[PDB]
Structure formats: structure tokens, C-alpha cells
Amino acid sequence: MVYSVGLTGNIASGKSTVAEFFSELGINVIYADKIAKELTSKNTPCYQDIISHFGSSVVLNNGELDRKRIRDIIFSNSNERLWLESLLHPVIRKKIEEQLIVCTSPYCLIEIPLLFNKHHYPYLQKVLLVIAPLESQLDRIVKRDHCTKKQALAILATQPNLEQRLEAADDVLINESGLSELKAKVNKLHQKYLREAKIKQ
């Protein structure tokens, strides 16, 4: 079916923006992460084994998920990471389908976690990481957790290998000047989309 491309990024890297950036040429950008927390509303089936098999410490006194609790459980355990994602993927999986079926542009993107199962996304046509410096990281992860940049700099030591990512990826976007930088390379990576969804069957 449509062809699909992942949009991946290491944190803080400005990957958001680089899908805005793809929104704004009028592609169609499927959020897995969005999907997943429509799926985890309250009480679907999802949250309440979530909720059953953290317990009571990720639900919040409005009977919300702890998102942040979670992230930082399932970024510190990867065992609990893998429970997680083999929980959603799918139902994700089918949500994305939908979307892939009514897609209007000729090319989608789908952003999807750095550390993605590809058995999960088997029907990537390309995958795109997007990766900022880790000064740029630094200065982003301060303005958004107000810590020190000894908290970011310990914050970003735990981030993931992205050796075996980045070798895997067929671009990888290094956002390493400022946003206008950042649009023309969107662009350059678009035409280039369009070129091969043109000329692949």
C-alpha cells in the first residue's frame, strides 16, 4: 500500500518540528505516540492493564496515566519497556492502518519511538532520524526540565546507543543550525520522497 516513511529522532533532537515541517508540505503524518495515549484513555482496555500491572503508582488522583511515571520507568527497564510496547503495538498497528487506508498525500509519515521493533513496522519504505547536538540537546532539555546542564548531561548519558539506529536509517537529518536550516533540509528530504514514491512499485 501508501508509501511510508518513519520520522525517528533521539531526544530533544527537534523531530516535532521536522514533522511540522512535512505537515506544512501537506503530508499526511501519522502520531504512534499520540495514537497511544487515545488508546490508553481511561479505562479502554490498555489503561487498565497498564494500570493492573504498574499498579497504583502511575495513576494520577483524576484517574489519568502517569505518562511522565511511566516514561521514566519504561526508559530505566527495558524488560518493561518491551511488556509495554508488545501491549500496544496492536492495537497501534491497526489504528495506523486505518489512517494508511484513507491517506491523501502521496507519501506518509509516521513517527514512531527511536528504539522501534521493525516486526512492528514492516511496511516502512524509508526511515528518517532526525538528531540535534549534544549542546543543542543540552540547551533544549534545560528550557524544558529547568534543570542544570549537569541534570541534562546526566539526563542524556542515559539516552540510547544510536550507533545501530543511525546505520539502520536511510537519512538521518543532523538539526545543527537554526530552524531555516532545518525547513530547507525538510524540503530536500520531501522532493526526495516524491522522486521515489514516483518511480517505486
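Residue numbers count along the first chain shown, from 1. Only the largest set of C-alpha atoms that superpose within 1.5 Å between the two forms is called the rigid core. What changes on going to the form deposited in another entry:
Of the residues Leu100, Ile73, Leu124, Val91, exactly one exceeds or equals a 2 Å C-alpha shift between these two forms once the rigid core is aligned, and that residue is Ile73. Core-superposed comparison between these two forms: the CA of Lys34 stays below a 2 Å shift. After superposition on the rigid core, displacement of the C-alpha of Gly63 between these two forms stays below 2 Å. Relative to the superposed rigid core, the position of the CA of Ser52 differs between these two forms by 2 Å or more.
For comparison with the form deposited in one PDB entry, produce the structure of the form deposited in another entry.
Shown next is a single chain and nothing more.
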């Protein structure tokens, strides 16, 4: 398969911006969260499996899934979390693999959503973890959800501690400056992945 780099972190740390910067370098970026959404869109097969399991309470006026409600449920309920992971992991993985087959770039970037499950992604050559200072994260969450700083802090409080992620990452992008420097760092990582992809089989 193609040389694959896993992009991890939370969106409040600038993960989406980093992904876009890789795209700006001509790298195919596979968004696993987008895939998860597309696979659970209105009147899809998995969408019907989910409603059949969770019932009508996770259905909005739209007919669309109440994703916030589902996330809240599986966070506190491990049985439901494992059920949903068992449903979607196989289908998500097949969709990623399809994109990798038709990958046109020298290597591929795979944006893994914030709940990283490394076991379900054996095919990665590298893991890139994006982190940012706490204050920046709060600021970003505040603007994106118009909530309060205290609420933003609570939202962050329920996120996985970075110790394991930090150990399980081959590279850590500390997003603690502006966008020019962030882009500069992505460019350096880009050169690195090109070099490693060239000499490793």
C-alpha cells in the first residue's frame, strides 16, 4: 500500500489547519471523521443500524442523526461505545483502504478523529500529533462553540490525556505560534515524509 501518515490531536489544537496545509502541498488527506459522517448519513445502511439500536431519541427533526446525543451516550456507556465501534470500524476502514488504493500523492495523510484507536490503524508508517497551548485551545473552542471559557475548559477536561498520545507519536507539532510558522513546520514534516517514503520499502 501507500506510505501513510496518521494525523492526530484535537481540532481545538489546529489539526484541521495542519491537514489543509498538507493538502496545499499536494498531499491527499483522508478524513476519517468525514467518512464516519458520510457512512452514517440519512437513509444509509449504518444509519439504519444505529437507529434500530439506539431508537428514535437519537433522531433529529431532520431525520438526521443527533450526533451530540450519541457521543454523550457512548462516552458514559462502554457497552454502547463498543457496539458502535464494532459497527463502524470495519466499514470506515474499508472506505479508507479504498481511498489509499487510488491515492495519487507520494504519501497519504489520514486524519484520525480525536478518539484515536491505534489498533484499528495498523497500516500507518507514521503518527503525527498536533498540540497547542491550553489558552489557545480554550480560545478556539470559545469561538467555534460561542461557549464560555469555563465550559471550554470542561470540554477539554473530558478529552484523553496526551501522555499516551505523546508517547505513541513519531512526531509532535507544537502549534504555539502563528499560521506562517505552523505552515513552515508542516513543510518540514512534508520533506521528512518524502525522504522516508523514498528510501523505505
